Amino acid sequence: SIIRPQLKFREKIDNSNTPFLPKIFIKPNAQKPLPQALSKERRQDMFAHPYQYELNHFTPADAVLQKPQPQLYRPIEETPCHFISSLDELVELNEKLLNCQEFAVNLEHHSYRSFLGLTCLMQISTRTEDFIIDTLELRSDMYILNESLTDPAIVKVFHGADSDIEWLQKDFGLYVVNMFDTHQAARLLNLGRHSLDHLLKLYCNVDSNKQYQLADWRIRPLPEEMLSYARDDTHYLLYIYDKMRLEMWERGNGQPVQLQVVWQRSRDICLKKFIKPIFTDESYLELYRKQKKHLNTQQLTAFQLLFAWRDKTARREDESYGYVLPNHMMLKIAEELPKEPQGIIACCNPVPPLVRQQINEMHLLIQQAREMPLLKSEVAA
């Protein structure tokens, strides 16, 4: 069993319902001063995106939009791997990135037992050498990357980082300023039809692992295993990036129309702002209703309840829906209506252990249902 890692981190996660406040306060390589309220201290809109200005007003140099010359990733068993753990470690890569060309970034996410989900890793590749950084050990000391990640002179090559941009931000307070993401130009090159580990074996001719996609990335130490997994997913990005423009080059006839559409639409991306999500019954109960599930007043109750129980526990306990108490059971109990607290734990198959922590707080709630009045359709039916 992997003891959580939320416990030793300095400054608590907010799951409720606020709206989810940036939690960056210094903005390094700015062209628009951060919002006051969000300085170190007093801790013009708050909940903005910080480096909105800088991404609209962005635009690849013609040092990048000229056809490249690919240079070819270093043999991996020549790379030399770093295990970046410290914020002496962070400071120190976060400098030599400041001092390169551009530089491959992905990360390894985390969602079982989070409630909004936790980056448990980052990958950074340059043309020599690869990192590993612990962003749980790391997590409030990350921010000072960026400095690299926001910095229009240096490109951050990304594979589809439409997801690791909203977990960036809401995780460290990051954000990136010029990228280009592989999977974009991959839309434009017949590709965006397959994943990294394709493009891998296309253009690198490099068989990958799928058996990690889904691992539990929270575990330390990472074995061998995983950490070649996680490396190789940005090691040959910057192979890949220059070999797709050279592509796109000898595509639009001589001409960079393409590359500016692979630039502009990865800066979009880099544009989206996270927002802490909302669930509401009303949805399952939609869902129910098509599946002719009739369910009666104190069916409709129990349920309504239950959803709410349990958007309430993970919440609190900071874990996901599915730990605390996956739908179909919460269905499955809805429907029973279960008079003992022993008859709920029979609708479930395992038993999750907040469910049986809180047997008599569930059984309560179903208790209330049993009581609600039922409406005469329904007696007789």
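Residue numbers count along the first chain shown, from 1. What we label the rigid core is the largest C-alpha set whose atoms superpose within 1.5 Å from one form to the other. Compared with the form deposited in another entry:
Comparing C-alpha positions between these two forms after a rigid core fit, one residue in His194, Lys201, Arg251, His109 moves 2 angstroms or more. It is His194.
To test you: the structure above is the form deposited in one PDB entry. What is the structure of the form deposited in another entry?
A lone chain is what you will see next.
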């Protein structure tokens, strides 16, 4: 099996019901100083977006708003691939990046065995090279990339950056200033589809594999197939960035009007803030109470207790709700109200390890449920 990478982390991941406190402690490329409260030394708002001002007052430079001369992507077999997993190498990559006019970025994430989710890999492409950054190994040093990610002079290209922005801050306190989302461009041009696959075919006649879109990216070592899959998400992003700007340029008859909307739309995505998830048992009964609420006092109580048991276990063990106890099972167990512990198991096909490990604790809960008084209209009906 794969050993949880969280165990080798320097700082225990916090997924309590406390609001999210940005991890950034140093603010490169700043215009508005970082609140003293966030300084590494002490460890004017605080839960506010660290680059709120910089982004609000951000606009792309005229250099990028002019007629684009699309630079073809470098042949894949002629492009060097670098694996970065040490501060030294990360620090050197940031230097190269600080001399680029633009570069591409993408993140591989994992959520099945993690409560909040975990960024596992970060891919970056320049006009000449592809980089694969191991963000499990470099989790605590990733903040350094802020120097180039929040450098308004450099354009960061993403394809559909909504999640990446939230992951970048939630995991490494990283933020982005001056971004161009090709996904946003594709929408603004009203293209057939808006996915990266379409853009890769439409612009580079490249076929995209997807065997790994849902793979387990915590795996180490990462097999060549997965590295190839990972570099393909950024290897062609810069060219597409150019070709899409040419299109907006040719549709604007020669005006940077459609270009600026993309930069504007994209900067709004960079202003999105991460917010810890908050689930309630009320919601997990919408599709249920709206079809057949057979749930009596005893059953509803069992569901409440189980819902709570799952939330606490998931947070404590840093696992996703699905790993701990998927809904359909939690709901079935609440329906059957199994008298014996083995009866709870009979409802799990298969049986999730944490449900077997905590079977007695769960049993005592269902037992409480079975002791609840039934209303008159429930004993008879």
